[PDB]
Amino acid sequence: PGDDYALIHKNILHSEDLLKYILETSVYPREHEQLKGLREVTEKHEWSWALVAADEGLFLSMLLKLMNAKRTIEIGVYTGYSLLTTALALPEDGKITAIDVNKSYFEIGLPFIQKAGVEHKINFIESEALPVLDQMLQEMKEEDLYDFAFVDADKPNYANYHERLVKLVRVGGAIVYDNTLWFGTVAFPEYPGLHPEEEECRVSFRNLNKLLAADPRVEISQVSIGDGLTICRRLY
Amino acid sequence: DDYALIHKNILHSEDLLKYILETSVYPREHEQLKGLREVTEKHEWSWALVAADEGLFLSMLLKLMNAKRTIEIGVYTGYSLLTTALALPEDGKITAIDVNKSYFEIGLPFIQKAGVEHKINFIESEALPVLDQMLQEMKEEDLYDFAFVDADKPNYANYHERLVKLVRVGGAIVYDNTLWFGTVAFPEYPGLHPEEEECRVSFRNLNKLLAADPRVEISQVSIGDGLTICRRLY
Ligand SMILES: Nc1ncnc2c1ncn2[C@@H]1O[C@H](CSCC[C@H](N)C(=O)O)[C@@H](O)[C@H]1O
Ligand SMILES: Nc1ncnc2c1ncn2[C@@H]1O[C@H](CSCC[C@H](N)C(=O)O)[C@@H](O)[C@H]1O
Ligand SMILES: O=Cc1ccc(O)c(O)c1
Ligand SMILES: [Mg+2]
Ligand SMILES: [Mg+2]
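Residue numbers (the authors' numbering), protein chains in the order written: chain A, -1 to 0, 6 to 239; chain B, 6 to 239.
If you are wondering where the hints come from, they were derived from the structure by calculation, not from laboratory data.
Watch out, some of these pointers could steer you wrong.
Said to hold, decoys possible - If you want a taste of the chain A side facing chain B, the calculated C-beta under 7 angstroms gives, among others: (1) 12; (2) 62; (3) 165; (4) 177; (5) 228; (6) 236; (7) 238.
As the list claims (entries may be wrong) - One side of the interface only, derived from the structure: several residues of chain A facing chain B at Cβ under 7 angstroms: (8) 21; (9) 32; (10) 69; (11) 224.
Unchecked claim - Computed Cβ-Cβ distance ranges for the label pairs, DEER-style: (12) 198/A <-> 130/B: 51 to 59 angstroms; (13) 213/B <-> 131/A: 43 to 51 angstroms; (14) 218/B <-> 118/A: 20 to 28 angstroms; (15) 27/A <-> 220/B: 47 to 55 angstroms; (16) 163/B <-> 218/A: 38 to 46 angstroms; (17) 114/B <-> 219/A: 50 to 58 angstroms; (18) 71/B <-> 198/A: 19 to 27 angstroms; (19) 52/B <-> 142/A: 47 to 55 angstroms; (20) 106/B <-> 200/A: 53 to 61 angstroms; (21) 106/B <-> 23/A: 17 to 25 angstroms; (22) 166/B <-> 50/A: 42 to 50 angstroms; (23) 114/B <-> 39/A: 49 to 57 angstroms; (24) 214/B <-> 50/A: 36 to 44 angstroms.
Ideal Cβ placement from N, Cα and C applies to all residues, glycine included.
Full structure from sequences and hints, please.
Written out as C-alpha cells, the structure is:
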C-alpha cells in the first residue's frame, strides 16, 4: 500500500527552443516513418515520458552501425522505440534479444515494427530481466556474446544488470545505460520535491555513476543527450 | 573577452556539467590530458578548448569503430588530438592540420610524455588546400576511418565536400560546435560579435545541409557545444 511524479517536464538542456531545434532540424527529417508513428501513439500513453528521446534514438542507431553490431540485447522495451531503432540499424540477419515485464506495451509498437519489416530480427522475452540474464550466463558460449546492450528498464536494478552484462557482452562490445543523469537531479546530494521512487532512482544513479567510473572492467563515457546515457566498453 | 558566448553552455545548470566532469570524466582522464587541459585553460583562447566530457566520447567512438586512420582539422593545443592518439592502436596514424603551430607546440610535451607522438603527422597549413591535394593523391586503400572537424566554423560545409570523399564508406565525420552555444535555435540572436554571428548563420545552414545530405546518415549530439556525427553511406 501507500502523474504522481515530478520529473516529467524537466530536461537537461538550457532551452526548450534548443531541444526543439535539434528535433526539428536533425531528428524528425531522419526519423523512419514507422518510428514516427510509434512515437506519436506512445506520446499519448499513460507512461509516455519513459519513451526514449528521439535524438537519443538516432545516436543509438549511429553507434550500432559504426561498430558494425550484429547481435544485441535490449532490457526495457516499453512500446519499442529504441528496439525498432536497433532493428532498423542492424543488418537483415541481425538478431536482438528484447526483455520486458509487460508485453502489452510491446504490442502497442509491434504493428509499426512489422510494417518496418524488421520483426524477424526480434526475440521478445516477457519476463523480469534479471532471471533471464542469469539463465543466459548458464547457457552463454563465447562465440555468441552480444555486441551491444541497451539498458532502459527498472532504474534501481542497473548495477545488478551490470554484473551480468559485462559477462554477456563481448570484449570490445558496448553497454549503454539510459537515464544516467536522471533529469539533472544526480548533480545534488539531495533534491526536494521528488516522488519516493524518483528519489530512489536519483540515489541509485548517483551510486551507479561512481561505480561505472571506477569499474576497471570497462571504459566509459557519459553523454548529456536525452536524459543522459553512459556508454561502457568492455575491456576484459 | 569581446565575445558574447564564452560564458554560455547548453546544459541547464553549471552544477550538472560539473557533476559530469568530476564523476565521469576526471577520474578517467589521462594524466597528460589533464596537464594539457590545465595549461590550455589559462591560454588566451581557452574557450576553443574541446570539452573534456566530449573528449572522452570521441575516444569511445574511435575504439568502438576500431578506427586506425583518422584526420583532425583544428588542433589548437592538441587535446582532441592527444585524446585520439591515446585511443588508437599502437600502429594508428593521424593527420593533424592547423594553421598555427604555436598552439600545437604547447601540447606537444604532453603528447610526447604520453608516448604517442609517433602516431601524429602535423601539417601547419590552411586545411582546405591540404584536403584538395589529398583528393589528387588519395588511393581508395588509404581512406580515413574518422574525421574530427573543429577549425574555422564558416568553412565546415567546404570541409564536408572534401571529407565525404576522404573518409571511407561507413567512416565517421564529426563536426564540433554544431549547436554554437544555443544560438542556432533562433533566426536572430542579439549582441553577438560579428564573427560569432557569422558562425551562427553558418551553423544553421550546415545543420540543414547535413540533415538533407543523402551521402551520409547523421546524429546531432547535445554534448559539449554540440557535435554532429556523420556516417558515409556511399
Ligand atoms: N525488472 C524488469 N525487467 C524487465 N523490464 C522491466 C523491469 N522493470 C521495468 N521494466 C520495463 O522497462 C521499461 C522501461 S521504459 C523503456 C523505454 C523504451 N526502451 C523506449 O525506447 O522508449 C518499461 O516498459 C517496463 O515495463
Ligand atoms: N583555415 C584553417 N585551417 C586549418 N586550421 C584552422 C583554420 N582556421 C582556424 N584553424 C585552427 O583551428 C583551431 C580551432 S580550436 C580547436 C580545438 C581543439 N580541436 C581542441 O581539442 O581543443 C585553432 O587552433 C585554429 O588555429
Ligand atoms: O518510469 C519512468 C521513466 C522515465 C524516464 C525514462 O527514460 C524511463 O526509462 C523511465
Ligand atoms: Mg530511458
Ligand atoms: Mg570546438
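Q | 19 to 27 angstroms as the expected CB spacing between residue 198/A and residue 71/B, which holds or is violated | A | violated (43 angstroms)
(Q) Holds or violated: the 36 to 44 angstroms window for the beta-carbon distance between residue 214/B and residue 50/A? (A) holds (37 angstroms)
(Q) Does residue 236/A hold up as a contact with chain B if the rule is Cβ-Cβ below 7 angstroms? (A) Constraint on residue 236/A satisfied, holds at 6 angstroms.
Q.
Would the hint on residue 12/A be counted as holding, given a Cβ-Cβ threshold of 7 angstroms to chain B?
A. Cβ of residue 12/A sits 12 angstroms from chain B, so the hint is violated.
Q | residue 52/B versus residue 142/A beta-carbon gap, inside 47 to 55 angstroms or not | A | For residue 52/B and residue 142/A the Cβ distance comes to about 53 angstroms; the hint holds.
**Q.** Interface hint outcome for residue 224/A [beta carbon to chain B under 7 angstroms]
**A.** holds (4 angstroms)
(Q) Checking hints one by one. Is residue 177/A an interface residue toward chain B, by the C-beta closer than 7 angstroms rule? (A) Cβ of residue 177/A sits 6 angstroms from chain B, so the hint holds.
Q: Verify the interface restraint on residue 62/A: the C-beta must sit less than 7 angstroms from at least one C-beta of chain B.
A: Hint on residue 62/A: holds, closest Cβ of chain B at ~5 angstroms, below 7 angstroms.
(Q) Against the range 49 to 57 angstroms, how does the distance between the Cβ atoms of residue 114/B and residue 39/A compare: consistent or not? (A) holds (51 angstroms)
Q.
Verify the CB-CB distance for residue 166/B and residue 50/A against the hinted window 42 to 50 angstroms.
A. holds (45 angstroms)
(Q) Taking the Cβ atom of residue 27/A and the Cβ atom of residue 220/B, is their distance within the range 47 to 55 angstroms? (A) violated (22 angstroms)
Q: Hint says 17 to 25 angstroms; check whether the CB-CB distance for residue 106/B and residue 23/A agrees.
A: violated (42 angstroms)
Consistency note: the structure conflicts with the earlier hints numbered 1, 3, 7, 15, 17, 18, 21.
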